[PDB]
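Throw the hints in and build the complete structure from the sequences for me.
There are 2 protein chains.
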Amino acid sequence: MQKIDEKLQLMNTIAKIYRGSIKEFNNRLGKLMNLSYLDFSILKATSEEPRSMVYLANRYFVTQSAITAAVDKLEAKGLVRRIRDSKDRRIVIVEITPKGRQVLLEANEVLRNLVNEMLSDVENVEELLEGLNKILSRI
Amino acid sequence: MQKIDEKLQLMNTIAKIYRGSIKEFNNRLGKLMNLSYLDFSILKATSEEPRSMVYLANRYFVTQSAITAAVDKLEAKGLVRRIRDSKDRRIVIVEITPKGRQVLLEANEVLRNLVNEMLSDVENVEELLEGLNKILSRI
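Protein sequences appear in the order of chains A and A'. A prime marks a further copy of an entry chain.
Letter 11 of the first sequence, counting from 1, is numbered 11 in the authors' numbering, and no numbers are missing.
Letter 134 of the second sequence, counting from 1, is numbered 134 in the authors' numbering, and no numbers are missing.
Hints listed in this document are in silico derivations from the structure and should not be mistaken for laboratory results.
Hints may be right or wrong, so weigh each one.
One copy or any two copies: either way a pair holds, since identical chains are not told apart in the list.
What the hints assert, rightly or not - Using 27 Å as the maximum straight-line C-alpha spacing, the simulated BS3-like pairs for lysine-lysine come out as follows:
no.	residue 1	residue 2
1	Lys73	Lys134
2	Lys44	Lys87
3	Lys73	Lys99
4	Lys3	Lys134
5	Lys23	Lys99
6	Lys31	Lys99
7	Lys3	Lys44
8	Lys134	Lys77
9	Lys77	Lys44
10	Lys134	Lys16
11	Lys3	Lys16
12	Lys77	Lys16
13	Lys23	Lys3
14	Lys87	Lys31
15	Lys16	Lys87
16	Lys99	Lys77
17	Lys134	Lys87
18	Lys16	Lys31
19	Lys16	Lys44
20	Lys23	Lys73
21	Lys23	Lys87
22	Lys73	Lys3
23	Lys31	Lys44
24	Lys87	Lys3
This is the structure in C-alpha cells:
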C-alpha cells in the first residue's frame, strides 16, 4: 500500500460512502416526503436561480434522462415548473415554485440532521471538504 | 454555511465524485476488459481469501442481487467460481481462479493509473483517507 495505491483506495471508499448514504438518503426522504436525493439537489440548485436541464445534469453528474424523469415528478407535484428561456426559447429552464421552496426547507432539515447525527464525531470537516472539492474538479 | 451545513455538503460532494468517477471507471474497464467496477471489487476481495455472497454485498454496499448478477458473469468468464462452505454447505462462497488473479492485476493497473492521472496534484491523501474511512464506518 504505497502512495500509488492510496488514491485508488480513496475512490474505493468514496464509492462505498455514496452507495451506503444514498440508500439512507432516499429511504428517509422517500418515506417522509416522497422525494429522492436527486429531487433535493434539483430543488436546491433551482432555489438559487432558474436552471437549464443541461446545467442540472452537469452539476449533479446524472444523465439528462435522469434529470427529466426527476423534473417530471417534481413538476407534477407543483414543486417546480419548466419554462422556456426568455432569451432563447430553445432551452428548457426549471424554475422552483413557492411550494418547492417550502419543501426544500424541510428536505434540507431532514438531510442535515441525518448527516449531522451520523457524522457527529467526525473532525477536520473543512479540510476534508476542500480535498473533496478539489478531487471532484479533477474528475 | 455554518458547520451544521458543512457535513451535508461533504456528502453532496461525495455523491458527485462517485457518479462522475464510476462512469469513468465502468467506461474504462468496460471497453478495455469488459469488466465493471463492481467486478474489480469482487476480484480484489476474493483475491484475499474466498468470500461469501453476504460478505461481498456487505463490504461493497450493494444488494445480494447485484452481487449475484456480477458473480454470474465473472464465473461464466472463468474468473471466479462459487463453491459451498466446507463447514456449512448452506453458504455460497466465491473463490477467485488463477485467471481471475491475472485479470485483477490488469484491472488494478488500469484503475490505479486512471486515478493517479486524474488526481495527480491532490495532496494530503493520507489524511483524506482516514477521514473518509471514519465517515464510512459511521454510515
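Right, here's what the structure says about each hint:
1. In this homomeric assembly, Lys73 and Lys134 never come within 27 Å of each other (Cα to Cα): the closest approach is 33 Å inside a single copy and 36 Å across copies.
2. For the homomeric pair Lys44 and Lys87, the shortest alpha-carbon distance inside one copy (24 Å) is at most 27 Å, but the shortest distance between copies (52 Å) is not.
3. Proximity of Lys73 to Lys99 under the C-alpha cut-off of 27 Å is restricted to the intra-copy arrangement: shortest distance 14 Å within a copy versus 47 Å between copies.
4. With identical chains, the CA atoms of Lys3 and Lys134 are at most 27 Å apart both within one copy (18 Å) and between copies (19 Å).
5. In this homomeric assembly, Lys23 and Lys99 come within 27 Å of each other (Cα to Cα) only inside a single copy, at 26 Å, whereas the closest approach across copies is 34 Å.
6. Proximity of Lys31 and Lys99 under a CA criterion of 27 Å is satisfied intra-copy only: 19 Å inside one chain copy versus 45 Å between copies.
7. For the homomeric pair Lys3 and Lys44, the shortest alpha-carbon distance between copies (18 Å) is at most 27 Å, but the shortest distance inside one copy (37 Å) is not.
8. Taking the shortest Cα distances, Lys134 and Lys77 never come within 27 Å of each other, neither inside one copy (36 Å) nor across copies (38 Å).
9. Taking the closest pair of Cα atoms, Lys77 and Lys44 come within 27 Å of each other only inside a single copy of the chain (16 Å); across copies the shortest separation is 44 Å, beyond that limit.
10. Taking the shortest alpha-carbon separations for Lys134 and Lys16, both the intra-copy value of 19 Å and the inter-copy value of 12 Å come in at or below 27 Å.
11. Both within a single protomer and between protomers do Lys3 and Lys16 lie at most 27 Å apart by alpha-carbon distance, with minima of 20 Å and 24 Å respectively.
12. For the identical chains of this complex, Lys77 and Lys16 are inter-copy neighbours only, at 26 Å across copies versus 32 Å inside a copy, given an alpha-carbon limit of 27 Å.
13. Proximity of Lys23 and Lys3 under a CA criterion of 27 Å is satisfied inter-copy only: 24 Å between copies versus 31 Å inside one chain copy.
14. For the identical chains of this complex, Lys87 and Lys31 are neighbours neither inside a copy (39 Å) nor across copies (41 Å), given an alpha-carbon limit of 27 Å.
15. Taking CA atoms no more than 27 Å apart as the test, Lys16 paired with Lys87 passes in neither setting, with 43 Å inside one copy and 30 Å between copies.
16. For the identical chains of this complex, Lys99 and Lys77 are intra-copy neighbours only, at 9 Å inside a copy versus 52 Å across copies, given an alpha-carbon limit of 27 Å.
17. For the homomeric pair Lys134 and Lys87, neither the shortest alpha-carbon distance inside one copy (34 Å) nor that between copies (48 Å) is at most 27 Å.
18. For a Cα distance limit of 27 Å, the shortest separation of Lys16 from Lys31 qualifies both inside one copy, at 23 Å, and across copies, at 23 Å.
19. Taking the shortest Cα distances, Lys16 and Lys44 sit within 27 Å of each other both inside one copy (24 Å) and across copies (15 Å).
20. Proximity of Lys23 and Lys73 under a CA criterion of 27 Å is satisfied in both settings, with 20 Å inside one chain copy and 25 Å between copies.
21. Within a single copy, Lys23 and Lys87 get their C-alpha atoms no closer than 39 Å, and across copies no closer than 33 Å, so neither meets the 27 Å cut-off.
22. Within a single copy, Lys73 and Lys3 get their C-alpha atoms no closer than 45 Å, and across copies no closer than 32 Å, so neither meets the 27 Å cut-off.
23. For a Cα distance limit of 27 Å, the shortest separation of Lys31 from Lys44 inside one copy, 20 Å, qualifies, whereas the shortest one across copies, 35 Å, does not.
24. When the C-alpha separation of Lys87 and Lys3 is checked against a cutoff of 27 Å, the pair qualifies neither within a copy, at 50 Å, nor between copies, at 39 Å.
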